[PDB]
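Engineer: Residue-level listing of the chains:
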Amino acid sequence: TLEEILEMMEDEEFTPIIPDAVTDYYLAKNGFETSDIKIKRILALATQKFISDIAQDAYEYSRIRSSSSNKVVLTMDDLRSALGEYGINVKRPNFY
Amino acid sequence: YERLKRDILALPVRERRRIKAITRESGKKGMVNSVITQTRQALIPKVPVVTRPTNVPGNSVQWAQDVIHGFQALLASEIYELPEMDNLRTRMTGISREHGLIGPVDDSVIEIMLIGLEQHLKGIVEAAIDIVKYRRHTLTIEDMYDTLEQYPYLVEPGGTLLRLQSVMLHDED
Amino acid sequence: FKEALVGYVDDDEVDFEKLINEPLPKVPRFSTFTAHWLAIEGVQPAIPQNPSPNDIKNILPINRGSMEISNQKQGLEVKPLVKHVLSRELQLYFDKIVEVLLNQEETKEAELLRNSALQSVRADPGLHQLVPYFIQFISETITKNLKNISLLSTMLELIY
Amino acid sequence: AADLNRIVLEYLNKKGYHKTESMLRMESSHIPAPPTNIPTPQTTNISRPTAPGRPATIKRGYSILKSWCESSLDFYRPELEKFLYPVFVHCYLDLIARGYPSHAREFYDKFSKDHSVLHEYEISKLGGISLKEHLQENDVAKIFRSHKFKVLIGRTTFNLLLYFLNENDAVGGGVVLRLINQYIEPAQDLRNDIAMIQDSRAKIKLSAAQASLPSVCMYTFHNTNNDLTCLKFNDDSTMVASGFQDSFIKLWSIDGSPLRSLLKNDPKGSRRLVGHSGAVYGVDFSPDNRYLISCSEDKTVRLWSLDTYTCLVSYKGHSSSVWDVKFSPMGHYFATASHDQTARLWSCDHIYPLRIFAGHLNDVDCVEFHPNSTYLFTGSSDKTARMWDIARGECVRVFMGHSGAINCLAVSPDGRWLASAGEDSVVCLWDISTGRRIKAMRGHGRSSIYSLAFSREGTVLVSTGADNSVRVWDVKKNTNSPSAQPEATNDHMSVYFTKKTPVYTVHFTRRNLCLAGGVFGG
Amino acid sequence: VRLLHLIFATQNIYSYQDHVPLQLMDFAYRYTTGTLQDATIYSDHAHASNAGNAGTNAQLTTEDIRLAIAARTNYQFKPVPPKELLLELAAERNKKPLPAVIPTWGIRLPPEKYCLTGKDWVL
Amino acid sequence: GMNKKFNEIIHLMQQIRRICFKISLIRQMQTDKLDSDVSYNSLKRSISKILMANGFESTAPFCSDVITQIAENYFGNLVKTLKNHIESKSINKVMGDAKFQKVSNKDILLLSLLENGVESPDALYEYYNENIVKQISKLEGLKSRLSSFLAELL
Amino acid sequence: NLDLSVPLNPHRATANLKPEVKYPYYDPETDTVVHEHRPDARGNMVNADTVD
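Residue numbers (the deposited numbering), protein chains in the order written: chain J, 58 to 126, 190 to 216; chain A, 159 to 293, 327 to 364; chain H, 98 to 104, 111 to 171, 200 to 291; chain G, 43 to 96, 104 to 235, 352 to 432, 444 to 663, 688 to 722; chain I, 12 to 59, 65 to 139; chain E, 817 to 847, 879 to 1001; chain F, 231 to 282.
Source of the hints: derived by calculation from the structure; they are not laboratory data.
Treat the hints with care, since some could be wrong.
Label pairs and their in silico Cβ distance ranges [stated by the list, open to error]:
| # | chain 1 | residue 1 | chain 2 | residue 2 | range |
| --- | --- | --- | --- | --- | --- |
| 1 | E | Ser984 | J | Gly207 | 23 to 31 Å |
| 2 | H | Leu127 | E | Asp969 | 32 to 40 Å |
| 3 | G | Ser89 | F | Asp279 | 35 to 43 Å |
| 4 | I | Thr21 | G | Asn538 | 14 to 22 Å |
| 5 | I | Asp55 | A | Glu239 | 37 to 45 Å |
| 6 | H | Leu127 | A | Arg174 | 52 to 60 Å |
| 7 | H | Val103 | E | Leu1001 | 48 to 56 Å |
| 8 | G | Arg448 | H | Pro263 | 54 to 62 Å |
| 9 | H | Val103 | I | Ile18 | 21 to 29 Å |
| 10 | F | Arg268 | G | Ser89 | 21 to 29 Å |
| 11 | G | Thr403 | A | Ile282 | 45 to 53 Å |
| 12 | J | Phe215 | A | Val283 | 41 to 49 Å |
| 13 | G | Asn538 | A | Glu239 | 34 to 42 Å |
| 14 | F | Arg268 | A | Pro348 | 35 to 43 Å |
Heads up, the beta-carbon is just placed ideally off N, CA and C, and yes, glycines get one too.
Whenever a hint applies, use it, and build me the whole structure from the sequences.
Structural biologist: Laid out in structure tokens, this is it:
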């Protein structure tokens, strides 16, 4: 539902990977102070989820690359494709 | 560093190419880079008048009565409704002659254009509705300014956003 | 910007091949301010956090221009000896001041004749040029005479 | 040069309401203003907070009486304590008869608690009276004004006292001395003393107020990793606020840590302000000094209190980064400069702008208000400067030169003079009427000039730069008031170098000294 | 690239951090790729694509590049100072009078319900 | 730190099972006020602790910087949304004279979530259970591979 | 050639006459109070003119 979701963030049973201090810094940067702890953990959580989504995009787009049916590296082609499929813009690096 | 930098630039064989780029380029009748003449020349109506060395086909002489007629239309924002075909056609002929084309718009252009237009505006207002209410309300100007602060990729900048930040009047006035 | 040659292109990047990172950033101090004193009354001390004459070694297009014992001390690095700094006007103004002060003729009008110059130097601008002359003058007044209640009263009121 | 004269004269020839007669007067843009004076509070009264589009002096005189006394010596308390109450009741009777009975009531019961230990029934005597005919029927005041009141006092005390009420006939010294020579005389002697003050004017009052080389106190800000754009100092010189480049405002307290709210909560002397999205580029204080304003690149302008250290308002009418926000000299109105090639003048009550000024072909780097508070000076990266009428919107004067940008501007208190500081490193002093720079101070090596300021009385200015140096300049070497006072170019009194520190601002205090702010330590 | 330092020299900025040349060169590469990509589309457009109607042969004159750039600057690249627009727009704002009032020596705030009251945000 | 603890358990199981995968290949083929830099690097730590998929910081560094900056932008976009709704200066928001908030303090939050990314609240409940199910799913997949390889090597 | 460049003294560039104020006070009961001007537009009111 929704009210369970702020029943749960308060206690230690669900404490986002993003530490409280770092999110406090980024709240403060973009201009928000409040003496609640829920909301900050919540924005932490949503960001965690969004990065998880690009993670799975990268995983699958790496899994297509060869042999469908010296370890794994998430390179610039994998990233070029997933970031592109979002709205993140074109990565056209170069040399010379 | 500057002397050593130029010496190292001479270390490359492109010192010759660097030595040749002393003149003023744009070897044409000109490419002005000022402001006021860009403005003026981008403000007056133009006229597509043609030469005739041997033969310039088209079988329809060029006119600038069309440009005056185009600039004289009761365009949108005076009236309260999106323009019906005829107004839009009268405005287009003007722009086509004013840019340097000829021949009449062919009555299918107007309709596809209206289509794209109403799609655009439905997108915008859907955005504002997504702002105001989450799930009896009534919408204002400030909500549209909010959503054009969030999503500015919708509208091309210029003309209207500046005009939008000069209509936000206070209550008593 | 590593080099590479082909039968030159001068491009390569060999900063990769990581597998695990577990480093912790160290926090610096907060931004706190260090006051000092600089340029009392034109002269620049070199004792506290200041420079010595080492800008003669600076690059001459940059940082251009340079013009500049006991309890009886009032300042040694200021050179108040040469009497050219005050002005042509200010010597005469000071003479008017002292002369209207040291008047001491009557008890009915003289105080009324000097009190308004007293209350003028109470409140008027740009006096930080002629202060030490004033100080030496008044110390001369106290060491020259001890008897006149008038002069000491006027000087107490002057320091007020 | 002469081509400009040719073309503008042909222009004015074509302008039919510009004949040959007045076109030449138009060419008299090269005669400057006369040397004018500063309005001391001797003659010219105060003005009220108002608009730029065109009582209680008794109260202010009594405020002078209650201020100058308590600030005096301890020897003089037991005699002026009795000089307090009678003139208070006298001025109250004066105003309540003048025609402001409501005002009379309000400053009566405001200042009824003046001498409550001496007089006990007199507060009841004067509390049961509201209306003018209620006075005309009341008899004690009539017998009071009939005879005079005795007053025991020495001579020199009243001499110096009157000699304090001659310099301040602005918010009320004349009414009180008039009432005195009316009633007590413990304005004939008043007129003789005014003539004595005029005699003081003859060579006893200082004439020139020539140059005066300044003191300095520096404030180097360590440990910032260059994350720091602006400083700003207070009015009574107690605080210094620095705007960082990650939406942070770190109020500092000079001389202690009294920075605590008035509340019960919120329990060192450094206060950090949040409520911003982007870097901070300008900050300004309230001359009543219980508020604070702060612009950014996120097209916000924001207002803070200072008794709770808390935001109150946001403001948004700008399309791009706002560089510097400055109040009016009086309060109520503030202005901003941006990258949108336009400037907006705000109030503080209304939330959207009042006027918008548009004349720059590039970004408006800085904004300032002339001391009357009816003009604004924008300066830009187009190598030009401009002036605006806040009501009109449109540019009264334009100043051009200064090959390079502009960064900071200043106004000399008396209304002739503005300072242009830019990347060119040459300070230029401009005259508003001429539109042509009176002087071109040369110095400062080859580096950007970030900040500068004038004196209390326009005798001296100060530049402050990025060549790790501050540079005091005299200003009256060749102007219309050629104060010389004799024994790269001149108009350069002294240069004070720093320990490899680029400097960012100054603030002349009331007194002789400056107050500076820099960074980078060593 | 050393030539990028040479270009920096034109604007009196000899204080770089050495990441800028990499970054701006990367940028120009990205930009010109997009540019001469959509210009190639327009060169196809003159060559009258659909699901098989004709071939695709490249010339890429300057006019196509001009087209591909004008579309970009249609929504990018801060244009010439639009002074006249701003002048008229500001005259429209610079039209209605000042309040002409006296808050009598304080600050006059907007009314509460337009003020913020920056309390601890709470549900 | 139960979320941190479970992501750490994912990390440990990944380490051990990928190690076992690699050696099995080998045997087969045998035959407080804080600052900017600390914040950045803490976020990088947390990021590379997300990446159960590939390998924890087992990619080029440019990509780590990329990801850091992107998530910074996203968090900033969150807060720029909520604070914009909170200032509002519009009749739809703004406490009514009769204390009538057309939309109370919570719909603000739900709405700002909605504008950026997340659609509904319970998608977070969903992603949470999805995470813990990903743990046991990949666990058991590679554990069955482990048992079958233990059978195969014989 | 007609501009009005003429100053006048405030209470801020001199001393001994800084005035008092009583809007940003501290009640003993309530926390603090301020000056904030007065419209007539209330909440949940008619928005603006007709749609024509």
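Engineer: Compare the structure with each hint and give your call.
Structural biologist: Evaluation of the provided hints:
1. Hint check: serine 984/E to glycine 207/J, Cβ distance near 30 Å, so the stated range 23 to 31 Å holds.
2. One distance hint, 32 to 40 Å for the beta-carbon pair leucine 127/H and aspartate 969/E, holds here, with the actual separation near 36 Å.
3. A hinted range of 35 to 43 Å holds for the C-beta pair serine 89/G and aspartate 279/F, which are about 41 Å apart.
4. A beta carbon spacing of about 18 Å between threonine 21/I and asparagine 538/G agrees with the range 14 to 22 Å that was offered as a hint.
5. For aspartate 55/I paired with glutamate 239/A, a C-beta distance near 39 Å keeps the hint of 37 to 45 Å intact.
6. Taking the beta carbon of each, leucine 127/H and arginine 174/A are about 54 Å apart, inside 52 to 60 Å as hinted.
7. Separated by about 52 Å at the C-beta atoms, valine 103/H and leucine 1001/E satisfy the suggested range of 48 to 56 Å.
8. Distance hint check: the CB atoms of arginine 448/G and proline 263/H are about 45 Å apart, inconsistent with the given range 54 to 62 Å.
9. The given range of 21 to 29 Å is respected by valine 103/H and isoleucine 18/I, whose C-beta atoms sit roughly 26 Å from each other.
10. With their beta carbons about 25 Å apart, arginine 268/F and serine 89/G fall inside the hinted range of 21 to 29 Å.
11. At about 51 Å, the beta-carbon gap between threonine 403/G and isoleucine 282/A stays in the expected band of 45 to 53 Å.
12. The hinted range of 41 to 49 Å is satisfied by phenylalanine 215/J and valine 283/A, whose Cβ atoms lie roughly 47 Å apart.
13. Between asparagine 538/G and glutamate 239/A, the C-beta spacing of about 41 Å keeps the proposed range 34 to 42 Å intact.
14. Checked against the hint of 35 to 43 Å, the C-beta distance between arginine 268/F and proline 348/A comes to roughly 38 Å, which is consistent with it.
Hint compliance for this structure: hint 8 alone is broken.
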